[PDB]
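Read the single chain below, which is given as structure tokens and is the form deposited without the named molecule.
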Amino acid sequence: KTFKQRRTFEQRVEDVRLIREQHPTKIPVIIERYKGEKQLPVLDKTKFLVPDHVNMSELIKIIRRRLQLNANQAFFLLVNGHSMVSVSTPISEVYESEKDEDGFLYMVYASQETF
């Protein structure tokens, strides 16, 4: 079901190494809907290459546009299992401190802030 369940540790590590080689300015991001979630739709895909210069505030805007949300749908983005302290941080910095050991950056979204 989940990304980690679909691919082996070995496969996830190698895929991150291929993105390093072919798309060196990109952050490899896994974005998954909360398993509880009722209101928001699922994304068309799981794996995203995010320009390393955009901050978390712009990634939230990007994802809200990709889900085709409207002005008054709530949207909450967890990173590496927890709330973001700040949305102003560049994803390059966020990546260095929050990356998984497989080298992906894992995110989960919901309409409730209480996941």
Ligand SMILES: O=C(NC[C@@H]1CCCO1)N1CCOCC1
Second form
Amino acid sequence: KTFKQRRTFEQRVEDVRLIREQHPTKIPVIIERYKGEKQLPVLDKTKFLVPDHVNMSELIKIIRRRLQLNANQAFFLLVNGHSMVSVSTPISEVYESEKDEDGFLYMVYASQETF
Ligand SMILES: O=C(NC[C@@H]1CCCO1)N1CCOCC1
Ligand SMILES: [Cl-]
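Show the form deposited with the named molecule bound, please, because up to now only the form deposited without the named molecule has appeared in this conversation.
What follows is the entire complex, opening with the chain shown before.
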């Protein structure tokens, strides 16, 4: 069901190396709905190539637009399992400290801060 379940560590590693080769300016992001989530829709895809200059605040706006949310639906984004310390950090910096050992940056969204 989840990304890590669907692909071998070997397969996730090789895919990241290919994004490096073909999309060198992009951060490879996995974005998944919280397994408990009732309110928000599922995304149309799992794997996102994010321009490495956007900050976390802009990435939240991007996903809220992708989900076509309205102004009073809540949305919380976890990175590498935990809350974002700041939305002003550039995703290139977030990648280097939060990336998985397979080389993806793993995010999860929910309508509650309590996931
Ligand atoms: O996956 C995405 N785009 C892939 C790009 C577009 C052209 C080459 O690959 N995006 C969704 C998340 O926001 C950034 C854009
Ligand atoms: Cl690129």
